[PDB]
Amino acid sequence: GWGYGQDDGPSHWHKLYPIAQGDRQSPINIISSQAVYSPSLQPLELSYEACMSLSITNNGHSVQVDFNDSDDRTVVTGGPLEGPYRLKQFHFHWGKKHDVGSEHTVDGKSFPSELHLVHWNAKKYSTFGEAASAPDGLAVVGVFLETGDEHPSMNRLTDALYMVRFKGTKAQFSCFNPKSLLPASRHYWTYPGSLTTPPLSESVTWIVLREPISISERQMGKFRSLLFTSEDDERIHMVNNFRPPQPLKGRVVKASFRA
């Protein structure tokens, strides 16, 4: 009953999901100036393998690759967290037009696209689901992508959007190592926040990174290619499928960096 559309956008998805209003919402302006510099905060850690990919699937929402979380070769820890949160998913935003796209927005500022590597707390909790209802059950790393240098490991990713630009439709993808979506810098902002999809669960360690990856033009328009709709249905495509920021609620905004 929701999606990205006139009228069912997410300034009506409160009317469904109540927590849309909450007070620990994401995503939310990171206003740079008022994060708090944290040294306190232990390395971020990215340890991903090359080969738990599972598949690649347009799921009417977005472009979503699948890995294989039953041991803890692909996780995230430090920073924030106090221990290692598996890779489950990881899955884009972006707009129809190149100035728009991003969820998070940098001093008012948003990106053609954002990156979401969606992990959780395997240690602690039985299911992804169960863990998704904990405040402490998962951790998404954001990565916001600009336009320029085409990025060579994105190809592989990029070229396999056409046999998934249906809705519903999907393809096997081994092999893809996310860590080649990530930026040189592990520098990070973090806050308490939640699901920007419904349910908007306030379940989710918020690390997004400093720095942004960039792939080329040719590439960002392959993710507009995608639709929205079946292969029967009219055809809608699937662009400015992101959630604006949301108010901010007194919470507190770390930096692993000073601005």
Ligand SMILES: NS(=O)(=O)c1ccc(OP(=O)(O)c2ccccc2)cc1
Second form
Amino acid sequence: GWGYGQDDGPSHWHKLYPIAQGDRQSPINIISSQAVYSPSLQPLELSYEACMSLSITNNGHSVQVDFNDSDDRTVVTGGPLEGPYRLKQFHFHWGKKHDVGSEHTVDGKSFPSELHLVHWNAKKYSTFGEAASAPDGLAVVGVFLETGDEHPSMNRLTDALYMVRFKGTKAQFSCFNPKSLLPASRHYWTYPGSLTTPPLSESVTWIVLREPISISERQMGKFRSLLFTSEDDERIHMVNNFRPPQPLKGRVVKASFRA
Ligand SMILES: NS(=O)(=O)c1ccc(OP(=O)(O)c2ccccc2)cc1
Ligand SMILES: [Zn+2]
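Switch from the form solved without the named molecule to the form deposited with the named molecule bound and give that structure.
Everything in the complex follows now, all chains and molecules, and the chain you saw is the first one.
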């Protein structure tokens, strides 16, 4: 019952999921001058192995790469987190045109796309779904994408999109190391927030990396060639699959660096 169309888009989600109007909703506009430098935070480490990826799937709302999460070999730790969170999946949000598509914004600025690497507290909860209901359940690392030079590692993923263009299709996607989609800086902003798609549960520690990665226009275009629709429907391109900034409601944004 939800999507990114004119009738079922983010402005209407609250009609189905009242938490849409809650006190810790994501994404947000990060006002860099208002972020609080927090030097006691631990260094953020993304400890990712090369061959933990399973498949790539067009689920109707994004393209998502799922991971074997049955041990603690692909984890985020440090920064604001009290212990390791295992990577379950990553996916993207992007725009129709070149200058929108990210969910978080910085000082009002959007990026063409935003990557989400989605991690759960498996040491505490027995399932991703269970963790996704609890305030300390999830840790999502957000990476902005800008267009510029072609990203070599990205080719593997953008070349894979043809076969998952229609909603509900998937392909095997082995030995894709998500470390290859990270910037050379580990500086970040962190705040307590929510899933940015229903059920919009306020269960996420957001870690938005300060530095964007760059992919080419051709690469960005491959994402725009995905469809929201299945093989036998009128084609509707999967674009503008992002939720806009939500009210801060007096939450504190911390930063690992001085702006
Ligand atoms: N876009 S975001 O904030 O990174 C996000 C949103 C929803 C998520 O959960 P989800 O994959 O929709 C799910 C929920 C409950 C049970 C199974 C799966 C994960 C990340
Ligand atoms: Zn997301």
